[PDB]
Amino acid sequence: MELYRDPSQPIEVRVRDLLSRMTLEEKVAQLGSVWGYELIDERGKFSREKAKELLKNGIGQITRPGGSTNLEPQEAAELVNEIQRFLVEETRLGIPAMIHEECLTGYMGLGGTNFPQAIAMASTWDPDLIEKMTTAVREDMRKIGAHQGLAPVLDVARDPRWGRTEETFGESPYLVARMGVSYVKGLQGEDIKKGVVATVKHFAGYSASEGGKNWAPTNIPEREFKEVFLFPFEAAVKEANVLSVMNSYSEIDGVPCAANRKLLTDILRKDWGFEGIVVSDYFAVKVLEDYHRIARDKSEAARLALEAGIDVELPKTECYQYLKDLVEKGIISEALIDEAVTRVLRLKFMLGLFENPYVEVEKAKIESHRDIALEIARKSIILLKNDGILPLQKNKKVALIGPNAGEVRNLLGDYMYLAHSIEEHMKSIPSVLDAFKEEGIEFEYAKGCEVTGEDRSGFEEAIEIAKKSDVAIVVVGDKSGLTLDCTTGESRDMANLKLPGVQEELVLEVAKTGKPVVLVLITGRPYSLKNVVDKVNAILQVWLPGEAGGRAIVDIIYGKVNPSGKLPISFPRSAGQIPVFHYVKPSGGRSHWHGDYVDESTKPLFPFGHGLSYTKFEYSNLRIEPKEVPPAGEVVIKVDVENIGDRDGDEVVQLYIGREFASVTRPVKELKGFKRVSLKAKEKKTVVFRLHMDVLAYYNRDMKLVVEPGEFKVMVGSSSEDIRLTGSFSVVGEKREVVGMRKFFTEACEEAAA
Amino acid sequence: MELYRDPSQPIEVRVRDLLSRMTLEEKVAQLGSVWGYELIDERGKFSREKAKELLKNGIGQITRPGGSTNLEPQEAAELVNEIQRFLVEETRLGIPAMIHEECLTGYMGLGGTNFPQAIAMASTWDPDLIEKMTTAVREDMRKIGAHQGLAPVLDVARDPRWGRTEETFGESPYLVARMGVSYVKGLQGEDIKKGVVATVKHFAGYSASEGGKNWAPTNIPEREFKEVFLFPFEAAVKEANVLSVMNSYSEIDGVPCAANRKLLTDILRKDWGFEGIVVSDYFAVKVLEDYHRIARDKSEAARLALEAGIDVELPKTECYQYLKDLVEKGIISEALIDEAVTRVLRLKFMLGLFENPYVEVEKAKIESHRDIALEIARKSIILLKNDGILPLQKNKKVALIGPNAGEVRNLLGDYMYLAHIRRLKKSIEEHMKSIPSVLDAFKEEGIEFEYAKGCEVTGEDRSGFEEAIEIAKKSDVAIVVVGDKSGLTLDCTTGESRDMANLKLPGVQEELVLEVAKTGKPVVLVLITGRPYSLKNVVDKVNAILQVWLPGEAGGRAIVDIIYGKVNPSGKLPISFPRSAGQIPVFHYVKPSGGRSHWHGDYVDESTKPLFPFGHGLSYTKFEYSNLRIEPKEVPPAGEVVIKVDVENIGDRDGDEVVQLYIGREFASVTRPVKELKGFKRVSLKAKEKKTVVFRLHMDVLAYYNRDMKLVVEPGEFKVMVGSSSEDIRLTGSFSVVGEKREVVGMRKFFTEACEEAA
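Keeping their order, the protein sequence lines are chains X and Y. Letter by letter, the first sequence follows residues 1 to 420, 448 to 781 in the entry's author numbering. Letter by letter, the second sequence follows residues 1 to 422, 444 to 780 in the entry's author numbering.
If you are wondering where the hints come from, they were derived from the structure by calculation, not from laboratory data. Errors might be hidden in some of the hints.
As the list claims (entries may be wrong) - Computed cross-link-like contacts, EDC-like style, restricted to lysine to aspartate or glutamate with a CA-CA straight-line distance of at most 16 Å: (1) X:262 <-> Y:627; (2) Y:262 <-> Y:239; (3) Y:262 <-> X:729; (4) X:262 <-> Y:222; (5) X:397 <-> X:367; (6) X:525 <-> Y:626; (7) X:525 <-> Y:339.
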């Protein structure tokens, strides 16, 4: 028994033994991939004939054996078992494949639950719930033989033009990092042999493209890059031990991320100690030639990507096959191949693949997680505005109007399988209309208009039913996806941030009837609401929700659920205001010296952290101890919060920290902690934040990470603008350079109030 | 005779001698300033009583003795002579002051010509004409005893929301640098004793604020910062020997420019060898405390600014007085003071101020340069669109409509004296009366027209629309003149502090254009503006469009000359015109991944292309390009290529064409612009005349920063594109650089040499 086959030997010994036995061809095959669909016949069964060509020298990964084949879970598991058997039994060394799938919003294939989008996950401000979600995704994926999920997205989004906004956790490095670490922890085990490799993406800066345009340059200076864009990735690497990273398609200031050794190696591996695999975004290696025009041919693209630190070329081997020729012609050293192969093999051994690469098909049926999806949807919906009309009385006659009220497709996000037997599977998802029926509401429905186009012919019918109702509920927003008819999603960037089509005019026409209007936004991004805000009575933001969307919206409208979502991204008044974010410097978020633009406020229409409730929360009794702390000390901040209203509800208590008179300019306020707290009517609790000085560190003039003596402002409240209590503490002592491992997060919890 | 007083000694000897004799208080006074208005009585005469307090220890600079006092030229000269006499005769060491004024668009004071705005200057693509202009400004300034002008602005503008767009030379580092060097050369001349110190500003990045908002952070990464923002300053420092630099009010990535030694010293003085003075933007030192919140008090602000490399605090001593206490308390070393004082004294000696600090008041009358202003205005106006209606026949009845057709005030830019400054109220009104209106230009041309204001520049009032529609209905053609009021106050729509988020024409001007168009009459739209506006809703509804960047006193005549074809328009856009705000930024020199959304190309709701591209401008004639030659076809990495094209005026009218050279590069070690402006030549062509345009392009001009941040020329192919705009490319070809990668070290060429030969 060769050492590499022996499970009693340490992983490093198995790796070295395997590597020593491999040919150059075999090594290079471990750095590539093949699509699931390329390995099946027309009946969706594994094809040995195709495998003999594509897998004869082994393979790094199979791309989306469920997601790209439209197979049901048991049939996907059977395909995966057969691929694995061919590798284990019909190749010289018997190295098994790693399988990856998309899974941002749940496993992206037939049979998987469609959870609400990432931006909705962030809107819950509930990291534990997100960990529970990915723990369930982990089980789904392992059932079908998948080992790696391409999620989560840790890009920090402050540009709502960008069509991938919906896939992020919003604008706050702190919130994005906190949600990201929980997301990763749920997917990955403690022991990865029993979990799923998480893939943080897109490293790094991809959400800050020129003009919000997909793949356009992301030109970010160093301090901002470290504190805003890299921070969530750093936390995922160091605190959550994430095992995969995927690169950004964009260039930073002249260098494409896929060709950048300073980013993918010097920061990620050298500075941070990342030990897992870097996988390319799909075709990211090839487009070094085709799009960026910095590689003359496929073999130069391969060289740049391998040197940069990309281990596996996805979704199919294209350039990496030429790594063989580059070694044979003495252009690159085989040692650099060996380094990448080591990282791939290490992970395959840790996943348990050499001991057992198969799954039990009989157990491969994926269970529904509608319960988890519905809890996220209920906690994610945000009440942006309410003059008092909500919650509605069940006896009011409703005119239900708009394209998103009637079309189940438009509840789905860009990486939800049914968006991208299709029609048949779609039929299974509850509509908004269905939720109104089951609630027993008396209503009529008029579509009003389409999501896109200029056709106003449906307006008359919508106006007519509004005139005969007590209240109009107007449901507008996006179709999310990858094609030209979609208004949001990857590749669907929106310059002007107006609701698509004539939906805004539809809202205004309905409002002109003088009936009360509840505006329901089912969207992937913030839209400019400047022209409608004062014309409607209430506004609900529903980030593209699960299969669970309809029920949650209706539950909230009628007050069976008290809304508790808070914005994880600022809502701009208009596109020309971009960007707006809560953590501006003293000179940011304003024009000097008149404050405002000529034609526009510099304040967002709704700020970060905003979200209303059907009850009222009263904050009191701020304590901050001790008042003076040394530069690696800890401060304990306590506030009492009481539900003083008549309905039970959750409040998201938010901690902002401000600093002046540092050696560099600092945010007037930035989010540094938060806690979702449940409060029954008249219940009072204490929220405790334990804030280590490590969490407040920032980069100084010399690019060192420091804590400087001085005063920090503490602001606790219900949004970044609705601050309820303020105080301060001092750091006392000599400037400290923060070296090596440090804390990233405030620890937040609840105690009984006095 | 002390050495410092002796003109036979070298300046370095005089400086060292003077420095050795000064007290700490005297040294610190040379690093400060005093407003002109603080030194006068009620009648605008020099006040000894005030001087005894403010000037007793001498002073670095007097801020705007003309611009801040509302004095006429001769009276300003007299004030300056008295200030100088007090310093020379009544202070211990007799050190004279340096006087500065604003002068972007000409000396900013009573009596000075108001030249068209910087963005209009750039639109001429005529560097020689701008040099002629500043040579005239030089004479004006020296006549009143001013030694330094706070200009030019070398900020590269790609964000039209920003209210100071009008003060820039546009989006192109190359064009900005080329105009900047000519500007500086004209103001300074060869011997500064006979010239005026130019002040390049605002160093650096100030035009790229977050959201286009004045003073907001300018977060620019290193390669882009070097190739885009620093490049024009580098050329001004090294090729034009500029003698002053002013800092930016903004922070770059956490560090305010006024507190940034790596910028104001390490780049500017160490890397580039700048030897002149750094002056603060006004109050830039104090607001390190008040605005950026990185200095705890005025003495800490002073320390940060002096350490960064600011030599003179403007516009008045406020923080720099505490440098005395900082030395006495042993917080900073007097040697650091001496270093800044040396720079100031050196320049005072070079300006000849120790030999003769006075001017002849009898000769201080400033002459009008209307002739030069009118030549700039005629070359700067851009024909954006013309279906054939222009030029008009003089026999057509004209409906002249719009707020900018009737209001002389709205022709003026933010740093033109009669706008900037707004007893004084009465004087401004009087002086305003002198400037020809657009209405006046139509009268003097003898056109038959009626005028209706139509609407105001700001507000929602549509009362005037009926009158305007009615005169349009009874006319042959409607000429609708809309746009900005430029200035510093809330009623202004553009200018410093007046940033515009959504790029819609101010007020209801857009609706006025659309209402006029609905009459079915032919419409000529005239934009008198400081920035690109979104024309997406009007472009297809009007027959012709003229962009008139705020033209100052010559605007009326130039507009009418162009409308009637007495002048053939020849201006070209120096900045892209976006379709809408949400498209920002759009610029011609995007990387292969820039200026598009992958993979559908466009936004969902909008093209990714600008409405009008960089370099765009139409003519009343047609130009035909032929016979591109590129020699040699292979060049070593410090070699030189010669590019020739023939251009023939094939139409019926004489006209100037601006021939533009774009260079593209792929397969470098970093991504490069698909095309970028690297040369240009305004060429005059009579009808049926043909000439050859020659570009001599040294490889130095093409250098860029590689992965390791070294300036290089790499072997490979460069694409040559010659045309009439950045989109209207007429001829393309290429050449190769052959040999080993070259690191471009030390001095290098910045500019293509362009000229004409006989075809």
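Against the structure, the hints come out as follows:
1. X:262 <-> Y:627: Outside the cut-off at roughly 36 Å; violated.
2. Y:262 <-> Y:239: Roughly 22 Å separates the two Cα atoms, so the pair is violated.
3. Y:262 <-> X:729: Status holds; Cα separation ~10 Å.
4. X:262 <-> Y:222: holds (15 Å)
5. X:397 <-> X:367: Violated, because 38 Å separates the two Cα atoms, which is more than 16 Å.
6. X:525 <-> Y:626: holds (9 Å)
7. X:525 <-> Y:339: Violated. Residue 525 of chain X to residue 339 of chain Y sits at ~57 Å, over the 16 Å cutoff.
In this structure, the earlier hints numbered 1, 2, 5 and 7 are contradicted, and the remaining ones agree with it.
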